[PDB]
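Coming up is one lone chain in structure tokens, specifically the form deposited in one PDB entry.
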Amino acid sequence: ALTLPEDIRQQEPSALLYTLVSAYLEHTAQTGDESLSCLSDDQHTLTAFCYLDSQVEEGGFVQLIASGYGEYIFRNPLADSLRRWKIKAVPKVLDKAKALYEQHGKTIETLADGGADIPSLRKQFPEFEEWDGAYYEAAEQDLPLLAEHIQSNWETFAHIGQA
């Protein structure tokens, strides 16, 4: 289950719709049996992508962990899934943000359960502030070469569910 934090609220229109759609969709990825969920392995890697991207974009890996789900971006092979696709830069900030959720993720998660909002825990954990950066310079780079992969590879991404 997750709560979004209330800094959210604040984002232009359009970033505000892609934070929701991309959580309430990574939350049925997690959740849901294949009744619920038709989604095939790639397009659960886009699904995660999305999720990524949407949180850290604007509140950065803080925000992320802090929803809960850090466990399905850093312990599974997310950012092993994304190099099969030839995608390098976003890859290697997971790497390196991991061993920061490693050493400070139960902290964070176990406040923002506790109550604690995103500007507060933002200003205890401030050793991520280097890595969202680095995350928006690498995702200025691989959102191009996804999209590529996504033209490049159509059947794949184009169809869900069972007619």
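Positions refer to the first chain, counted from 1. For the two forms, the rigid core is made up of the largest set of C-alpha atoms that agree within 1.5 Å on superposition. Compared with the form deposited in another entry:
- In this overlay on the rigid core, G32 has a C-alpha that sits 2 Å or more away from its partner position between these two forms.
- With the core held fixed between these two forms, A139 has its Cα displaced by under 2 Å.
- After superposition on the rigid core, displacement of the C-alpha of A15 between these two forms amounts to 2 Å or more.
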Second form
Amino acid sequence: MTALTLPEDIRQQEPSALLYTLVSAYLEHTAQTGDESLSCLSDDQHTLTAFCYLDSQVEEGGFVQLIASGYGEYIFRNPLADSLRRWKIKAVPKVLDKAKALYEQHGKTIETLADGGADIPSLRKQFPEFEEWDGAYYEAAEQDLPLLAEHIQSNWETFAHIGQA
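With the form deposited in one PDB entry in hand, show me what the form deposited in another entry looks like.
We keep it simple here and write out only the one chain, dropping partners and molecules.
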């Protein structure tokens, strides 16, 4: 009956779990409806979704995985960093601007090599310039995921439903 399938105890979850549970419920819903464009999500829900993809990819395999897998023109766009800054979340945006610059220099090569069968862990050693930024991301993330959680808890109706804000 609701669009979103959320556990009873969702509001008690820690910041990373809360983000992933919400984004996962958004994506479950959009898969079920065929809404590939994510048209049912608000701008704020798109900010969460993008931050979650950022997080998952960098934690799994660095900015190099993010790039090689094809996320670069989704993540390295102003709406994500501008929306986080509006919520007074600044550290991850700073890291994104730094990483974007490296993406402009090396992204085409990373992607080309990936297309030809270079494995991502190997590419992460070939492009060690991103390591600094991977690490900066991990540092900025514990703080900024808690800020994000505070923002979500302050605006619960916006985030925990479709079509209410």
